[PDB]
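The chain below stands alone, shown as structure tokens; this is the form deposited in one PDB entry.
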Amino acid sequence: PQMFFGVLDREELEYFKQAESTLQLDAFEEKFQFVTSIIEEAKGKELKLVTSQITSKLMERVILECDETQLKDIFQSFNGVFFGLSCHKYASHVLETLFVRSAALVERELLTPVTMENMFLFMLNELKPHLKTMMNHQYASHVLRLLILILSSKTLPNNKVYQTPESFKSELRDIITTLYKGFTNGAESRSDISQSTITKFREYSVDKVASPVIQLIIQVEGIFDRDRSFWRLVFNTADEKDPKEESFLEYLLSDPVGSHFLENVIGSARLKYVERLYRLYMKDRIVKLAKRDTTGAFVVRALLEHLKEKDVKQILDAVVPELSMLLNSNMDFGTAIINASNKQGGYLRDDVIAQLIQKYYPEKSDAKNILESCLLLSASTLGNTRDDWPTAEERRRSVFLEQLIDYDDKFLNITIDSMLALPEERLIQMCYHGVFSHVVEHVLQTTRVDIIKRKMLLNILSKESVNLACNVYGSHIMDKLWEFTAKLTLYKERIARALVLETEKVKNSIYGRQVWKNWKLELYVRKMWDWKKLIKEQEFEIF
């Protein structure tokens, strides 16, 4: 109804363009004087400013950089056009900024005993008629989504969470229920609603702009309204197949927005409803859903997380036998199932193990490393010439592998043998690598590994004892070798000898001096007898 408030002069435009530059410069706490000089010049033009693209961001800065009593002064200058501003491409981000600062101010008033809270309530009240429109407006829907987060003390896009006053609870309710009316054009029962409006609503859940709002509400509505009638808007209560709901489900599953709406929603549904959906519609599509990764396999994860013993068992029964084909593109389906299998007391565990070994170590091959199955090793950052750090994905991969190791002895052995299968220098390379080294050291589970493998591993690493202990990463591999070497102490001797051979290189190596302590090399050097004691100590400390 109102978003075009005139334009700026050339003189005015120049002044502010000027102003904005010197602010992002920081050539100064006289900052303030400048800032509040801008404010004085902004006096009475706030609207033109906030709507113009050139100056839109200037305002946003001033909002971020001003007195609380200037904050309010600006907030005030927006009375009676808050709705227009939110519908504006630029003004609506100014609003987003302004409302977030206000939130903190309102927490402050809340903790630090005309108030910001009341200034706020006032604005909330002029939006109220316009909610329903705000919901599917490309810009205003965000301002709306924001507000709801604010009123519910949910962390704020813009670790940023503030405590709310009581009236905020009231106001959250007034806007949840105002929407409900706008969209059910009249109370008072699921009975009274046409499936003309029900489906009108179902169609929303798949809009890119309105679906996030509907999710938010559905999650947050529980605080007051135990109905939960927004959910019931979207879904039926019990306990039979409706071809309307059913085809709506498939409509959800056959869409990115729709699938993610679904899974987020599964998260805040009460368990009654989730089981219902599963029992009714999911149960016999569960594979087709899983292999429709993605999206649609995201949902099957949500089910697993948020369901109970009988159901998850049912699911695993369906999923484990196709796990090797399900790891195709995405590993994080695998961790889902393992976590699932475990949380249920190792249900279907062996076939799970069996399925992994199928995907990553199939005994029908020359090449067999999980090191190449699981980390794309040859294709990785392992020694690039180009000074490249490990990727986030590489870390992501490593971690996966690491828990595989934890999951079963089978996997620990398989990776050891994969490391052993490698050219030795390439295993050495691993030791100096940011994430991959952690994989090496993670393999050094002295109790879980048998001696022949231990001996063989030791043999590669001993060749580089000192270079290892003076490297940021290698030192951890060397540290663990102290225990890793119990009952194999012609190798302890070997290394200790090697390290003492290079005493001055090793101490006054940041990382070296540390290994020195842990191998107790100070003893070695002075009371060699007392050393050979410790070793015998640590043997029966382990066994």
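Positions refer to the first chain, counted from 1. First, how it differs from the form deposited in another entry.
When the change between these two forms is described as the motion of two rigid parts, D530 sits in the same part as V449. When the larger part is held fixed by C-alpha superposition, the smaller rigid part is turned by 23 degrees between these two forms.
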Contents of the next structure:
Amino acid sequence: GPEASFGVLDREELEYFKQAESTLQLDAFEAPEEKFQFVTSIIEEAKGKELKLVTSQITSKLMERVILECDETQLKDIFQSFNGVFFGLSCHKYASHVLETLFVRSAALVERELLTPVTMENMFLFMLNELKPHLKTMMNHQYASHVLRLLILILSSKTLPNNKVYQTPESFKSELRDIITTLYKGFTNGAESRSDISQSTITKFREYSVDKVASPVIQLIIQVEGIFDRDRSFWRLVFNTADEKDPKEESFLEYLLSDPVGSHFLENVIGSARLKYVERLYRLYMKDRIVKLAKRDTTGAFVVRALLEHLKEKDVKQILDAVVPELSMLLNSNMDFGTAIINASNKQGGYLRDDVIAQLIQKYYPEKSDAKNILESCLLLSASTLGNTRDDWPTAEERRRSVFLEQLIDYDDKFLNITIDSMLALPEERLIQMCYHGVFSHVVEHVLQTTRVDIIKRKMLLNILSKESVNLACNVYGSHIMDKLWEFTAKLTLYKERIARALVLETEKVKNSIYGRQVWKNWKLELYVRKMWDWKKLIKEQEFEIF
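Next block, the form deposited in another entry, ref. the form deposited in one PDB entry:
The text that comes after this line covers the one chain and nothing more.
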């Protein structure tokens, strides 16, 4: 990071802040003002050495904790102290992250001053002016380019890191338009007009669009260019506009279709190109190849998903015609292509819906065979973290497969039935385990849909789950299953009495648990004790309401 010199803290300064963070995440505060007073206390010892605290791996975390938990005056004080060295920080391994926090808080505060009126608006504008000669540099920089991305979001009232948007004064809008065109001008060696750009500077721009750090910045600009440029200069920098293939564009499109970064870029950008330009790329370069591309799970499949969302009725149907006969084979690796087709089929009024269900079942629960078990097919239950002495935590593919199963259960009743049968085919032993599993407990919970599961299947699930009433009651996850059971147990009151009895026998264990005492409420167990007839009455009112 030669872009500025910050130096380092000494062991004395290190230990003070190393200790402030300790006692700050300890969160042993006995009031809010006490915790605030401690933050102010930190900001205080931090004055004059802010550039050092923010560029250290030991204390940069601390600084954004501070940026989030501090005053709006103090926030303006911290921002003001980064004056003159914003580019340096922007390009810095640790500081670039703090500038990001700083800027999101700042953006929130800028709205409060817009909707309830040195102001934060002017402060932001100062730093912006300070970065403008460096934007093209920043775009390619492995740290700075994230700050440039964020800035463009804020300036366009798009949504920010860590699902909220913020409104902006007109100057922010004017600044955005200024820096888009500054980049555009600085990407075209001049120039006269669209019609006067060399096929070598078009190639050089295309080259940026598949760069691992420049590409998201170019996606973003294309995403927000439409706000002023009703001609969309940057799109037209990348793709052509005539009804025929161009050998350079074609060679380029094939690379996008086979390259991870270029796949992202094509898919993120189709979601914001004008339909006429997207239909052109489809018909020219993909239409007659749609299955071959669909089979490219890591590159290009994703472009097919984007076509399915942003093309119009007639054409997403053609793609569905091509791809649904292939779906079960495509699910062998790329499960998320399943979601794109389910969603697309629904968007077109259940188009080919029966065939999609046929295919899903063909893959995850093929009628013909034995050992049919959608928990093995779809979650790979046997080769999973489920039930280890090895002290492993649930994985991200586990969470991903679980969510896919759940959406399958939402999709149709056939799948709800299939996984219930699959759960009963398990050894009791193993179904119980899933209830204690951070990720898989959600799958059990998802099955407990009273009006949707016939009373015989309910009763048999209840034969298993009931054995563990108390244990489920006191478990982080099992307690969420036990709550669902209050309703599931409708028209089956023998199982209600049996469960409520079990919980009550072990009352002091059940209460005096964080989770147990909530189950106690949800099952109205206090009524079960004080006023049985009133408890029974609730049961009857439940059965009537649900049936």
